[PDB]
Amino acid sequence: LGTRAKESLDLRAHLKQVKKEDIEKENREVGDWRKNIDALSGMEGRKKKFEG
Amino acid sequence: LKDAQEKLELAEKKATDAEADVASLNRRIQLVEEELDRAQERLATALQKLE
Numbered sequence: 160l161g162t163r164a165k166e167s168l169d170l171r172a173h174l175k176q177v178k179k180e181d182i183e184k185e186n187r188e189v190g191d192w193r194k195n196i197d198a199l200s201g202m203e204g205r206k207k208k209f210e211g
Numbered sequence: 064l065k066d067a068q069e070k071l072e073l074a075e076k077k078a079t080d081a082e083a084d085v086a087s088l089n090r091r092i093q094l095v096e097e098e099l100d101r102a103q104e105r106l107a108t109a110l111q112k113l114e
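Going line by line, the protein sequences match chains I and L. With the authors' numbering applied, the first sequence corresponds to residues 160 to 211, in that order. With the authors' numbering applied, the second sequence corresponds to residues 64 to 114, in that order.
Calculated directly from the structure, the hints in this document are not laboratory data. Don't take every hint at face value.
Pairwise CB distance ranges, derived in the manner of DEER restraints [claimed, not checked]: (1) I:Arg163 with L:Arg105: 57 to 63 Å; (2) L:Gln103 with I:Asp191: 21 to 27 Å; (3) I:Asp191 with L:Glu104: 14 to 20 Å; (4) L:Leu73 with I:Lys207: 19 to 25 Å; (5) I:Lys194 with L:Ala78: 41 to 47 Å; (6) I:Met202 with L:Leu64: 31 to 37 Å; (7) I:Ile196 with L:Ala86: 24 to 30 Å; (8) L:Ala102 with I:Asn186: 28 to 34 Å.
Virtual Cβ for every residue (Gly too), placed ideally from N, Cα, C.
Using the sequences and the accompanying hints, generate a full structural model.
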């Protein structure tokens, strides 16, 4: 019984390690943008839209 | 006539000045309204995220 429990736990732990290795590996892909605002109180362009 | 001449010139300059002022101020009010609306859309995005 102890041997069976040990082998089952070993297999489960090995699978969990294989998963968790890549789980911790590339977890920085969550870096994205937040798109805050600044009120753009300094835009003083001219009316020359020809490019559309 | 000379009196009329000066009156006409001064009124014309004043009119053109007022027109330029109001036009540029209209552009400014457009820009500030754009600021307000785009900020409001940011507000909606933030509200959805927090909820």
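Right, here's what the structure says about each hint:
1. One distance hint, 57 to 63 Å for the beta-carbon pair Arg163 (chain I) and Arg105 (chain L), holds here, with the actual separation near 59 Å.
2. At about 22 Å, the beta-carbon gap between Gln103 (chain L) and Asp191 (chain I) stays in the expected band of 21 to 27 Å.
3. The hinted range of 14 to 20 Å is satisfied by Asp191 (chain I) and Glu104 (chain L), whose Cβ atoms lie roughly 18 Å apart.
4. Range check, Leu73 (chain L) to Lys207 (chain I): about 33 Å between beta-carbon atoms, so the 19 to 25 Å window is missed.
5. Range check, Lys194 (chain I) to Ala78 (chain L): Cβ separation about 45 Å, and the 41 to 47 Å hint holds.
6. At roughly 48 Å, the beta carbons of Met202 (chain I) and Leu64 (chain L) sit outside the given window of 31 to 37 Å.
7. As the Cβ distance of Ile196 (chain I) to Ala86 (chain L) is approximately 27 Å, the hint placing it in 24 to 30 Å holds.
8. In this structure, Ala102 (chain L) and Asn186 (chain I) meet the distance hint of 28 to 34 Å, their C-beta atoms being roughly 33 Å apart.
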